[PDB]
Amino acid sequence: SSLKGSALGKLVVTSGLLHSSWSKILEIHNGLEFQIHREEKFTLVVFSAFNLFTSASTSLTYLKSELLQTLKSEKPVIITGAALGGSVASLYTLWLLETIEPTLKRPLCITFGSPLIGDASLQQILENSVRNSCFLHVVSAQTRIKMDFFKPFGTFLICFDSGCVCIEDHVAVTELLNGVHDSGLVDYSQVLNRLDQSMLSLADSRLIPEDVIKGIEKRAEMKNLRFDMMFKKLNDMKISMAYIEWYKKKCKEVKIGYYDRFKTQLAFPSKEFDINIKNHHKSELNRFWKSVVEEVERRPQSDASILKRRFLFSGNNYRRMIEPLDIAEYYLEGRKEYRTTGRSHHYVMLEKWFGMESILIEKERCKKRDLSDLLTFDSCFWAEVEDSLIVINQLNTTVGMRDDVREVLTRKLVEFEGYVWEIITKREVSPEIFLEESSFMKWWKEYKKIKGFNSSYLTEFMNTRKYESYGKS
């Protein structure tokens, strides 16, 4: 509400950041200005427009290394500046936030009325991100910003004749700054003195009208209920995944895998059940997990972009179980190179988020366990198999080939079978690939004729009928 913003403004004005910041900035004032001022409580430096930032690239890198070394000591560093110094400091901290880890002390930039022109495309990436929490803009009541294509980003501390209130919404900041920009710049020292006098005062009026707070309040409930409605939809997404699990379990009874069954019923729709599996129990999960990945990437649920383990632990299984069904639809259209060009973004994001924390775990494996229900750790495995087929047929259909393309295709087949034996030895692939009507056995039958005189231990393992013992007790 308005009184909450007033209480936040009172807290930050009695905390004493703005007075010291303005005093240090004006003392540095009394091009590019670099400060190496170090304090016992926290470091405060003043950096006081693309050409000016690009000219000091080496100095910017040196200062970023120094700031990283300082934040390694768990000390907060704040960068402030003048009108143009504010934009310079904002650009510097926006460039440095990518290298700064969220788990460490996040750099906070404090600007006093810096006019910057940033299009809505740049505001869209940091709409609800924590980056808006880094930048704090304090502007006068009479002073405004004339922006048509530029969009305000970050919290805006608007001061009035009595007190100051913080605005955390971009729409409200744009509505308040709808007027033209004021050329005259008042002294921020008098503004700070008036803010201190108002904080000493017992009563403070509300300058924000009801039309301003109404939209903010009504957007609050929706932006707060999206979180909990996703939290509650996780549960029926689990039920959809259980439906898919039972479908796969029933498909296992027939001597054919679920990937090949999906691939063959996508072209010949029938039986009225695979249609529901494809259109009902698959689109819901895809949409929900895409939305969850987007929301977590935009605003983190915890420090260091750590979503709740309940979410990522289930997303890993979701990816490892659903990605082959998308590979089937991708390769059935005729497209190739799925692992590089055709792979989605949220799959890679989930893979990276699981690999980050997959080192701290104390997992250990034993060979005696049954692997019948084990999921393939490399979800793109099938994405390779089909590719190898595209090579195999290419060796048989086209007659009159140059021998060099034959050699590179043979090298591709060799590296593919090497990767296959590598993932088989480590026991990281599902035993449903050795089924009678599975695609892997078809690939092996097509490759046995081309191999001929060349032999490897994989060929001996396949010919000796030892693939039946794999994945079993």
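Residue numbers count along the first chain shown, from 1. Whichever C-alpha set is largest while still superposing within 1.5 Å between the two forms counts as the rigid core. What changes on going to the form deposited in another entry:
- Considering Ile275, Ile239, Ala304, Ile390, one residue stands apart with a C-alpha shift of at least 2 Å between the two forms following superposition on the core, and it is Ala304.
- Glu101: CA moves 2 Å or more between the two forms after rigid-core fitting.
- Superposed on the core, the two forms barely differ at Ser65: its CA moves less than 2 Å between the two forms.
- After superposing the rigid core, the C-alpha of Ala56 moves by 2 Å or more between the two forms.
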Contents of the next structure:
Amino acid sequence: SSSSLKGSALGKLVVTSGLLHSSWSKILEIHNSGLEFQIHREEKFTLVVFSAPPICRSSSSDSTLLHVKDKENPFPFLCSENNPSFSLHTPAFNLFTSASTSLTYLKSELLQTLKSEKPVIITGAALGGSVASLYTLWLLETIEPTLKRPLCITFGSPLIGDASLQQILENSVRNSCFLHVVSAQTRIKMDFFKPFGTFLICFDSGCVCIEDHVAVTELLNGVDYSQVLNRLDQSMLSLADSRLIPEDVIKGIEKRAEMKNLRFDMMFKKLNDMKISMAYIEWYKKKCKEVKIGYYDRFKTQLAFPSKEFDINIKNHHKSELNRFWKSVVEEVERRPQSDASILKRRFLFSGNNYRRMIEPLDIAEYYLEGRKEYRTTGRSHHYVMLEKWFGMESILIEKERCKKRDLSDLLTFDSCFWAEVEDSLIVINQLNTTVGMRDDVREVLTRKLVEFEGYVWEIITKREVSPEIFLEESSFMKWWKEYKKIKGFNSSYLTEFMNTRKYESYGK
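Having seen the form deposited in one PDB entry, please provide the structure of the form deposited in another entry.
Only a single chain is listed, so you will not see partners or other molecules.
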């Protein structure tokens, strides 16, 4: 079957590359009660060797929990929403923190080395391999397909992580930077601790290179590595190698790999009908603009009192699936970069930018109808800001021009949080007009807020950056303007006369 072939071929390949022998030679060098480490700078790569005292048997079971908000955790970047906490091996993490001092400068130097496009290797012995893995992980806090990333190589080390750490790196680009070498007779009780990274199980007949952690579990669940390296070299010149690992394990690996590949291409399939859903949303926006309400306030109204079934379909079927799809996209891409040149190679990035600038106002309406506050700093979900930042990163590299004499009737507003700010200003005006017994300094700080928002509206207007559909009569913006005009007294501003000289309908032409 294909999977066993790939495994055995990759095993023989990595053995023939020679990295194993050089790394084990350096380990033997440093070999003949604390962590000691050496560096070996060569012409082809840079190598590092760690080493730790003999493994404490019972003291190796305990773990030390970590948290995202905790600042004793050296890895704040790998933990995320669904996994804010992940425990680690206690002696390994202890010895890593103990020696963090000089390996900080070592990390600066190795980052410079990788910036110089020269390969980097970290390697480890029985227990120091765990420390080498931890150091590699700390080194991989900024991963891009284009940038050179390190590689850890380990011999005979027990496990370091639990199911949560395994879940953080199950398919990430960082699991592609670890290689463990375990003798097929080594048995690890994996009830609490779970393995990660690519494994290399060494038999006497030969080695096999596994990637699926379930297979590693069934194989290793339940030694001089120079000897097994020599036996690998001998098996390189042995005529016959038989089925080493059972066939049901191959069944499992093949099944999971096929599931993963089909799951991956499903989204490339789905994007095409997501574009059609967004076309439906375009039709809805056009119709809402016909009745001079605007799809923001019309969507808000219908979300308050569902009467039209067309809008019920718009909300329940189009928007929900757009959100689910793009959330899945952002969740999957940030762990496996696409195309190397950029995340969301080119169709996903631009389609997601348009999706954001078209659909985030609806989520803002739903957010502020629920009675929450301060969307921009507390409200927007992860994928929205991810799309915004990823489009901003490449928006500077591209050359573009914005003509002045154009129609803007279909211009999507770049600051997709415009309506959040409009609703916040509406809320502070409601306060300044309705609440009683309120302080005076708070009155002036709310006037600070109001004049700040007025300027923000003026800066986006004079920049030709806002859609003229905000100037609809039934729009929330014109209502807010009527309120602010009532409560302004007779203070005069260019925006205020702009709203008074009746040039806002000449805007966008």
